[PDB]
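Colleague: Residue-level listing of the chains:
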Amino acid sequence: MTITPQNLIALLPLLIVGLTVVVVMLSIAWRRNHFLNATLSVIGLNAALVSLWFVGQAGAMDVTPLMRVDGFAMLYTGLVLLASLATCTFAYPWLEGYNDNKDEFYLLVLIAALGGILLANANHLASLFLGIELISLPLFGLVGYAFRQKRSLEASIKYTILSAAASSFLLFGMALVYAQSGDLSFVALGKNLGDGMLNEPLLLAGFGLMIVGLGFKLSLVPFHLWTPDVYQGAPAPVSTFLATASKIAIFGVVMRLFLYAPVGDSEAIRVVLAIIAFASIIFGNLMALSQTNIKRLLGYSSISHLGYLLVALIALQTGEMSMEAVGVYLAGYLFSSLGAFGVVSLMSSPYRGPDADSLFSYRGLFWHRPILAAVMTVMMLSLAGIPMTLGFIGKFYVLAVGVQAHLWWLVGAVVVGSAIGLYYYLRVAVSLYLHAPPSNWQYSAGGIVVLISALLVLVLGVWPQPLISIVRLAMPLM
Amino acid sequence: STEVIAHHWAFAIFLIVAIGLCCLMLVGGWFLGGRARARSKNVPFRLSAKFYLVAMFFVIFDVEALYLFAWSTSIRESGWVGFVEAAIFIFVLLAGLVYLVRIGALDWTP
Amino acid sequence: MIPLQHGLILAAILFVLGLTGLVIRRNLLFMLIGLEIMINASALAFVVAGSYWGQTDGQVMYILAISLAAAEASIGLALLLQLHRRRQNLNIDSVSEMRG
Amino acid sequence: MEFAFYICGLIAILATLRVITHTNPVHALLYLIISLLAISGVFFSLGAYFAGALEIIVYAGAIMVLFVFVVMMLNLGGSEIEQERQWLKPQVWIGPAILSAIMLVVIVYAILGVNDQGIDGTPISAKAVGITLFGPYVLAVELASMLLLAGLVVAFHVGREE
Amino acid sequence: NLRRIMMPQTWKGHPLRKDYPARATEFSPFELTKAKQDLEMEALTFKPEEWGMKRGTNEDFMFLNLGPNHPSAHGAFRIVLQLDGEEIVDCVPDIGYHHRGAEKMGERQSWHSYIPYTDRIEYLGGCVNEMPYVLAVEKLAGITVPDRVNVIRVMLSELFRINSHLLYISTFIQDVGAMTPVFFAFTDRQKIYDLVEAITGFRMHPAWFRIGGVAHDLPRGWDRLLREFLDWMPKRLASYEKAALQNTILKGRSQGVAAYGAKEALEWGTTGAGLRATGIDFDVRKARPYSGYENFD
Amino acid sequence: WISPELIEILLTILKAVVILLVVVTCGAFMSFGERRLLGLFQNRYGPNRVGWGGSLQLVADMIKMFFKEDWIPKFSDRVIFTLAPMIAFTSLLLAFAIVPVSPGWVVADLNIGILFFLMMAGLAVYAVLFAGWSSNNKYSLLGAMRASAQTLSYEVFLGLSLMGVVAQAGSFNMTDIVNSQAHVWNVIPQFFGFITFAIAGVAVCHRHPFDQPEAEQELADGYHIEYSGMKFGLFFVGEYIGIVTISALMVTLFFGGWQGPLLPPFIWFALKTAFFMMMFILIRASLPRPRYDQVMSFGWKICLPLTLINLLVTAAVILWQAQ
Ligand SMILES: CCCCCCCCCCCCCCCCCC(=O)OC[C@H](COP(=O)(O)OCCN)OC(=O)CCCCCCCCCCCCCCCCC
Ligand SMILES: CCCCCCCCCCCCCCCCCC(=O)OC[C@H](COP(=O)(O)OCCN)OC(=O)CCCCCCCCCCCCCCCCC
Ligand SMILES: CCCCCCCCCCCCCCCCCC(=O)OC[C@H](COP(=O)(O)OCCN)OC(=O)CCCCCCCCCCCCCCCCC
Ligand SMILES: CCCCCCCCCCCCCCCCCC(=O)OC[C@H](COP(=O)(O)OCCN)OC(=O)CCCCCCCCCCCCCCCCC
Ligand SMILES: CCCCCCCCCCCCCCCCCCCC
Ligand SMILES: CCCCCCCCCCCCCCCCCCCC
Ligand SMILES: CCCCCCCCCCCCCC
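Taken in sequence, the protein lines are chains N, A, K, J, C and H.
When the letters of the first sequence are read in order and numbered with the entry's author numbering, they come out as residues 1 to 437, 445 to 485.
When the letters of the second sequence are read in order and numbered with the entry's author numbering, they come out as residues 6 to 50, 63 to 127.
When the letters of the third sequence are read in order and numbered with the entry's author numbering, they come out as residues 1 to 100.
When the letters of the fourth sequence are read in order and numbered with the entry's author numbering, they come out as residues 1 to 162.
When the letters of the fifth sequence are read in order and numbered with the entry's author numbering, they come out as residues 154 to 210, 212 to 451.
When the letters of the sixth sequence are read in order and numbered with the entry's author numbering, they come out as residues 3 to 325.
Everything labelled a hint here was simulated from the structure, so no lab data went into it.
Certain hints may be false.
[Claimed, not checked] Only part of the chain J face toward chain H is listed, based on derived beta-carbon distances under 7 Å:
{"id": "1", "residue": "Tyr49"}
{"id": "2", "residue": "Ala53"}
{"id": "3", "residue": "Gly61"}
{"id": "4", "residue": "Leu74"}
{"id": "5", "residue": "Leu76"}
{"id": "6", "residue": "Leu88"}
{"id": "7", "residue": "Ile94"}
Cβ atoms here follow ideal geometry from the backbone N, Cα and C, with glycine treated the same way.
Could you put the whole structure together from the sequences, leaning on the hints where they help?
Modeller: In structure tokens form, the structure reads like this:
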């Protein structure tokens, strides 16, 4: 299919982020200016976020065989852009202490955001593969941005090797699926079968290898072991981006693939994903019980929260509000992770060497940084699914979706993992208030971002109806 | 068609005879001529990162070159739309090249 | 008159050989070499599938695959050079200080 | 046409097996180059002419040139890890070999149950690939330019000398 | 770092002392074998400290030795370079590989029989090399040469100066990369050699100047050969200029390369064209005129 | 065994063998002609005593290099050391395998064509790298690394310089490229493509002024310095065969191939190819050698953008006249 002017209007955040990449790179070629290039990057990301309004006015349409733009794509584009803007905001005071080149960071963040937007709009195996790669490779650079530090270099090496392995797994699975199906469009994956022959062995094997790649990308058990090391070793704004934008974009494209593919309602794939979700919830909660590192603990937490999201994924064809539950949960998880990782980033700013990630460094945070401690305890309550937080609204959505589809093993897993999470999240939040032995407007902007995240988490925990109505508006093509 | 199979046979014989020809000259060079020994006959008569940078730039720009190779053989039936797409591709290419030159990535001399 | 199963089997054999080389080799260069083998095998599988269906999409996916392979090889070799600079040793077991 | 396919596939398999077990890195890269040439021959036997041309031009002419370049720069000689031959010890490779054999058996069993009319080997030209690339796959082309730009920026940031 | 510069480091004695024997000692294959072994393990046991080098092997610099591999008629010598990648951070030249003991031979030959040795001090110079020696001997003897001797010696000196300059310019062009003008410049050198062979009987080392004059009178017909060379030369020189010295690749290879000013030239004893390129007008033929050079425009 | 198809099969095989033998002998006798033409350019004679006009000088060199003692360094890696001259010969020989020298006289009428030439060029840079590393000489290794980086800096735009001709022809096939030059030769519209292809073809053949073993002789860092006998002869003859192949490719891509008004088509092809071979000699005789960084900066900063702009302008012109 060709590209029309209305298709170009539906292309608007992708085009704006690409133009921002080109403009920022040419500005770096002109002169290395940290403030100017950071400002140009955040201006481009804000312009894409604003142009989402024109995208919504355009309507839902297919842009080439590769992409389909609807309310679903708009919501995930907005989430990716919000995470990228927060990542740049946290990146500037951290990069102020960086002695080497700082301007390439925003270029890499912009290209990764471009990959996130592509994954939001992806309707095709080609676009899914390209969006995953377009997220991953800038993250190879960003995780090892402070490559003189041994932890950042080790995290970069681990992430690069394992993501290349997962990409080869995903591409081999895509090739097997294409060999069975003869079409790489999402709606055709299983369409050429009938009379109860959906469980074609090559199609299932291809989807299993794609599950290997995607479950690496979503930190799902047993493709999860990279998560605490890469989360700890990466720079703290990079950890923010990797926790929010990459996970949200990859889960959104997984949502769309399982909604559109006729093989998505196969019972074998459903049982395999149920096993993966159960193991992810239980394992991610259990491994975070005895973590003295806040970044590793947040990595195991991310494993458990993606397990809850996968539980919502399993009831996609059974129930009616699986996509709405996923949208509400992902908005709440984005805000909670933005606040927690942003407090970590502000505590590690400016960059001086090793990250401030020990729990002893956050012991007694209230006595010198009271606002940051209040934000961090709000986020620990939100990630525990405590009421008057948006995390509880997401957990309630997950539980309702599981109860409707009679996924009782998954519901019990969510309850048990919630209790374990209660233990370690409360441990962090109350260690904030114990007793233990900046000065520029960009650091204040980062503090304002984490404060706004805390206020949004509390307000939408008490009053979740605006977020619920927004997510219900953002519906894909049936 | 017998013309294409004749050309396939001719191509196979060309490759085989060329490889066998260089093998035969190497064998004749090894076999012929006397050999002598000397005491110091056996005696033979850290590179910077710019080497890797140049090879890496070559690899990346060769992949973009393959994209333009695919475009250039089908320009007429891709129309002006394909021209606009390839112009965007080439502009991103030239912006990357300008960025590489301006930051000293392609400056061997200090 | 080439069965699609035979091309897919050849691609799978190359893929598992590359995965074996990725697992059993401590040296980071041989890990990257195994990664190149696996991504080349997946690209071959896409080419076989595209040739079976008479479509250009297999070769287009091959093109995207080798673009990924080139960029990933570039990044992995840069990281290998950094590891050799800061460690004088390419043993991947040495980069293990983050655990638990 | 199938003669070339089976012999090139066998050569690629054997060369890859020599790659993953070899000690000398330059020799291993040479066997990898041989396997890529054989894979290009496989591509040409299937009618994917552009894929085979790019297999030698880009994979066996750029990427492995970069690998060879890095190996020659590092001056890899009598390395301690190289001298040990730990991967040749049965207790090291017997586990991963069984794991890969199990994965191969499962994938082959899935492969053998698919519908197969055979590949006719009708040549899909580079012109048709170029038409498809700048038609339905335009966004793939532009975002692949962005992907390789990201690889360029990352590799320059990491692989600098300073 | 006060080390030997002419003799090898494992040399016994000081040859210019009056009790050191001038003549060659008996050759021995054993010492040749030993010095070959020192050459073979010179790189293996190289330490920067004995050469005056420092801060090497930082562990980023390399030490690289140059040898007798580019013989552009200058001779054999070594340079050890300390390199940061491609950049020279320090280098010392290793010389004395062309040491002939010429001053010691000056104590070994008569005043007359030393003139051929003066010829081989700077072997592209010939009678130019002969001139200061015979002038200094004539100062010792109290000899004032007549005007014809002065003009003949000036003419021979200028012919050999043109010969040496032709070799220098052509070899510079060859070193830059243009391999053609050396053939033509050596043809011009052959025209000079036609005149020099006719006058002195020899090509490169004429040994023709004498204490008190020159060895013979000018042969009849010298002016014809001089006129032929003076007609031949200017078109060839203009052709070399246009073909090579005005090429922008040669200019980009040579302009701004190894630049120094007047102070650096003065502090290192640089003379000739290297000194005068810094703007210092110091030529001996004008500042301290000799051999009747003051009568020439 | 009497059938027209079988007779045509041996006719095509015999034509391919004739093309191969003529190309190899033309490369060797062009080493000899390089000596003679440098003599012509430098007001001298060159070799004119061994045979009539020096015509047996090549045979004397071949006998001398055959009966020179075969030497492999003991600390060298034998397989790679032996393999590098084989690639330096065969890469540009098989690149010639696509060149149509006359209507009906072609070895392989491939659908890829200059793509096959690009494949062969990549294998040629492998020959240089292998020769440098296998000699177990760190100077040869450094010189081969510099030569290979130069070769990559020009191979990065070699194919892009050919893409304007490909775009005008609308095909990768070499005979279609010739037939598209039936009215106007490609040197007029693809002039910048012609000059960039000529520069890149000289550079990938390691000819002056891109010859690394002659560029830096004081460092003694040439990657040929451990080769001797028939392996050095393989390097020499492969370099001259590469010059012949690059000249023939330039003739068939920018100068109409075999097309001409009066003479037979092979006569026109041979005359144009011999003219470009002679221009290779004159380039060697006349131009000085730029610095290494200057050469690579010229390749990256000037020639590659020129090829990209030339391709874009060629496409705009082609679509403009496509009414
Ligand atoms: C310093 C500079 C600062 C600049 C400002 C930065 C912050 C503010 C950013 C504002 C972004 C605005 C985006 C607006 C998107 C919706 C636009 C719109 O009009 O949507 C309406 C459309 C359905 O309505 P209608 O127009 O009738 O549809 C016709 C098409 N069939 O609706 C749709 O089709 C779908 C509607 C929902 C799509 C998702 C919403 C956008 C992304 C939100 C991400 C965050 C969500 C979670 C937080 C919510 C908090 C309340
Ligand atoms: C020391 C030895 C190392 C190894 C050297 C090589 C080993 C093998 C030698 C024997 C080769 C036998 C002949 C191969 C087949 C030739 C014919 C052929 O390829 O035909 C297929 C195809 C036809 O295309 P076309 O004419 O357009 O037809 C359209 C529809 N019929 O045409 C094509 O598909 C053309 C494209 C493929 C051409 C491949 C040519 C060889 C490539 C490898 C070069 C190796 C160089 C030396 C080693 C490098 C370093 C290892
Ligand atoms: C001889 C016994 C074995 C000896 C040791 C191994 C030597 C090398 C063996 C592999 C290479 C040669 C394989 C045989 C090719 C013979 C030609 C052939 O099969 O042609 C058929 C077909 C022609 O094309 P098409 O138009 O489709 O015709 C179909 C029939 N009308 O052809 C095609 O479609 C494709 C033609 C082949 C592809 C091009 C050549 C690829 C060469 C890859 C070499 C890899 C490295 C080898 C290293 C060897 C040493 C380890
Ligand atoms: C059959 C094969 C031959 C076919 C004939 C046509 C093609 C010839 C191919 C020859 C290739 C040689 C390439 C040489 C490139 C040199 C570029 C370079 O680095 O030049 C450096 C020089 C100065 O650079 P800069 O940085 O300014 O230095 C200042 C520092 N002091 O910068 C300069 O001097 C600027 C100009 C550089 C050279 C421009 C290109 C000249 C190409 C050669 C002349 C060809 C003329 C036509 C021949 C007849 C054709 C029928
Ligand atoms: C210094 C630490 C080195 C760690 C090496 C890790 C190697 C792992 C090898 C795993 C082998 C698995 C063998 C098959 C297991 C059973 C089948 C799969 C599970 C059902
Ligand atoms: C440098 C030139 C290399 C050429 C290699 C191939 C030579 C092939 C010779 C073919 C001769 C016959 C051509 C067809 C007939 C037309 C010409 C007749 C008179 C020769
Ligand atoms: C660790 C979590 C344990 C949860 C146990 C849930 C058991 C559900 C059993 C459902 C049986 C349904 C029979 C029809």
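Colleague: Against this structure, judge whether each hint is valid.
Modeller: Against the structure, the hints:
Hint status for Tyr49(J): holds, given a least beta-carbon distance of 6 Å to chain H, under 7 Å. The criterion of a C-beta within 7 Å of any C-beta in chain H is met by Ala53(J), whose closest approach is roughly 4 Å, and the hint holds. Taken as an interface hint, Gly61(J) checks out: its beta carbon lies about 3 Å from the nearest beta carbon of chain H, inside 7 Å. Here the hint on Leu74(J) is broken, as its CB sits about 11 Å from the closest CB of chain H, past 7 Å.
The interface hint given for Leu76(J) is broken, as the beta carbon of that residue sits about 10 Å from the closest beta carbon of chain H, more than 7 Å. Here the hint on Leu88(J) is broken, as its CB sits about 20 Å from the closest CB of chain H, past 7 Å. Among the interface hints, the one on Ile94(J) is violated; its C-beta lies about 30 Å from the nearest C-beta in chain H, farther than the 7 Å criterion.
Hints 4, 5, 6, 7 from the list above are not met by this structure, while the remaining hints are.
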